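Engineer: The chain contents come next:
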Amino acid sequence: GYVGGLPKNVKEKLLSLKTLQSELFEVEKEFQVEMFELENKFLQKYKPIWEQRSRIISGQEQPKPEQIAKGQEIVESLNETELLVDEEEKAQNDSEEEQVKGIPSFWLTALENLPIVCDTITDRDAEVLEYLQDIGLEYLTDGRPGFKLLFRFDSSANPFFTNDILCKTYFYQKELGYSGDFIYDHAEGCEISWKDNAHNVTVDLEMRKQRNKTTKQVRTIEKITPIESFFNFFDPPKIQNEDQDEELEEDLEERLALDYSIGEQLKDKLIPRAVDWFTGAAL
Amino acid sequence: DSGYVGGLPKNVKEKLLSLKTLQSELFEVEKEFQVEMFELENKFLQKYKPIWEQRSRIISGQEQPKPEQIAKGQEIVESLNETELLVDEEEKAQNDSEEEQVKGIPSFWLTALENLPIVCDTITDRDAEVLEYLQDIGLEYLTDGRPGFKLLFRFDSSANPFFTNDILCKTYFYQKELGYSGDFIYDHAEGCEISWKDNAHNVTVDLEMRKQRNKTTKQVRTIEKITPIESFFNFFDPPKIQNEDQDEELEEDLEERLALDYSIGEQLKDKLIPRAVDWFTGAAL
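If you're matching them up, the sequences are chains F and W in order.
Here the first sequence is numbered in this note's numbering, starting from 2 and rising by one per residue.
Here the second sequence is numbered in this note's numbering, starting from 143 and rising by one per residue.
Only chain F is shown next, with the shape it has when bound in the complex:
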């Protein structure tokens, strides 16, 4: 205030500082573009590792002796001696071992250990998550900057929906939010092609067969009511803000905070750290 009340030398110097602030903001925009470029570059390196562990998880690929030995040495260095093999386990025959190809409930176990997301999982969700093979992540290059999430389900054996893959998208605002980070814009996601309502874990179901007391027509009914589930992660909050959504926008904002927290958790912890979160060592 008084700095404005100070002579126009001080005001004019502040004006120059603000012009330099705008120029610095331009340099900052350049830096942000550069760091997203670098992040994409190294995400291309992340993807092979994540896909490899996903193939191991689903059982689509097998380990190798050198990898097992390296993990042995690392675990001994980690002090997490629980993973260590014992002779009683060695006694198991191959016929006993191959009864399951992938790690049972790998992701479900990992998501159960993960702090916030585990609260979202219901029993039917847990059963569904058993068919979850992989979680993949991607960055949005066009238009608004943002990052996208992918899940792969073995839809062939999945009894609940035909969606081979589900994708979830996040958006950021146009300009650099203050403090030189990117702040969120609303999110969008897929809709699930449930095979039927009984198998729809986002829904609880009622069956009714009736003869209408008013018209005396004969009818059989299939009825639906939505419920909370891990897959409420999809059907994300509709819009950041719009005139018709305001009453919805209350829930959209709250669920947006929660869903951004969930996605941030996935992005930083789970997809970059899966093994420890499965084993619980990440706790």
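Hints in this document: simulated from the structure, not taken from any laboratory.
For each residue, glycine too, the CB sits at the ideal point set by N, CA and C.
Some hints could be false.
[Unchecked claim] Straight-line Cα separation of at most 25 angstroms, PhoX-like style, residue types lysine-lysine; simulated pairs:
#: 1; chain 1: F; residue 1: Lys30; chain 2: W; residue 2: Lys413
#: 2; chain 1: F; residue 1: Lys65; chain 2: F; residue 2: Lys48
#: 3; chain 1: F; residue 1: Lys175; chain 2: W; residue 2: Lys413
#: 4; chain 1: W; residue 1: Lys152; chain 2: F; residue 2: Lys71
[Unchecked claim] Calculated from the model, a selection of chain F residues having no Cβ within reach of chain W, i.e. all distances over 12 angstroms:
#: 5; residue: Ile104
#: 6; residue: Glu128
#: 7; residue: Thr142
Using the hints, position chain W against chain F.
Structural biologist: Showing chain W alone in chain F's frame:
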């Protein structure tokens, strides 16, 4: 669950070991990514250097704004709300001879630090007295030698009465390996020895003097005593370790002092200097 872990078939344990190996490879990739980020950040620090130097010249009064920069600032003021800078008729009547009697921006950096939440707690009035002579706050990235960043504080020896050092700097150091989350993690920090002009001006100590005809020792003797005290300039001379005392005393020392010190260093580096102006006016809050 230990029981479930035991239940894991030997094949499943082998697969888990392979997965942990993959996680280690991921940590290696994260190391490479952090190296690239550090180098790019150094490059854009080089690009920031001109603008920061120019604003420093403006702050010190060594340079005067041009009408072009003035008009651009006026436009940016018309944007959002900064009409505090819109110059009024009463000021245009003034003359540079009257205005330039105060050259530069009084207490620009001291004001900037005080608005900064965490660090301002450490600054005392005795520290503050030095900070009016602060006219620059600079960053350096320790590309050579141990990784980390160094902070630079500048003064005028001919102006300040406290020390003969034109520049005071603080340093922070990282471990050779990344943290678990993939971010950088810390090593012991170090600070400069302040070349105080005299102990009386020195602000990291409180002193007392006595004189005794000590019959207990039959000594006509003069004595001096020095006590460390709390002050922001304790931000320099950070803690160090000695093995035996380390595990009892410096364990808690490292638990507390290092946490506060790293928090303050990162807060300066990230929040303050890139927004050196908004923090001074307070808009950066």
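Engineer: Please go over all the hints and tell whether each is borne out by the structure.
Structural biologist: Hints, verified against the model:
1. F:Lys30 - W:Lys413: holds, 17 angstroms
2. F:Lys65 - F:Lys48: Given that 25 angstroms is the threshold and the Cα spacing comes to 20 angstroms, the pair holds.
3. F:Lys175 - W:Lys413: Distance ~22 angstroms between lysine 175 of chain F and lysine 413 of chain W Cα, so the pair holds.
4. W:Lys152 - F:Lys71: holds, 16 angstroms
5. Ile104: Answer for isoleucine 104 of chain F: violated, closest chain W Cβ roughly 6 angstroms.
6. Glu128: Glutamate 128 of chain F is indeed farther than 12 angstroms from all Cβ atoms of chain W, at 17 angstroms.
7. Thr142: Holds, because the least Cβ-Cβ distance between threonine 142 of chain F and chain W comes to about 19 angstroms, which exceeds 12 angstroms.
Of the hints listed earlier, the one the structure fails to meet is number 5.
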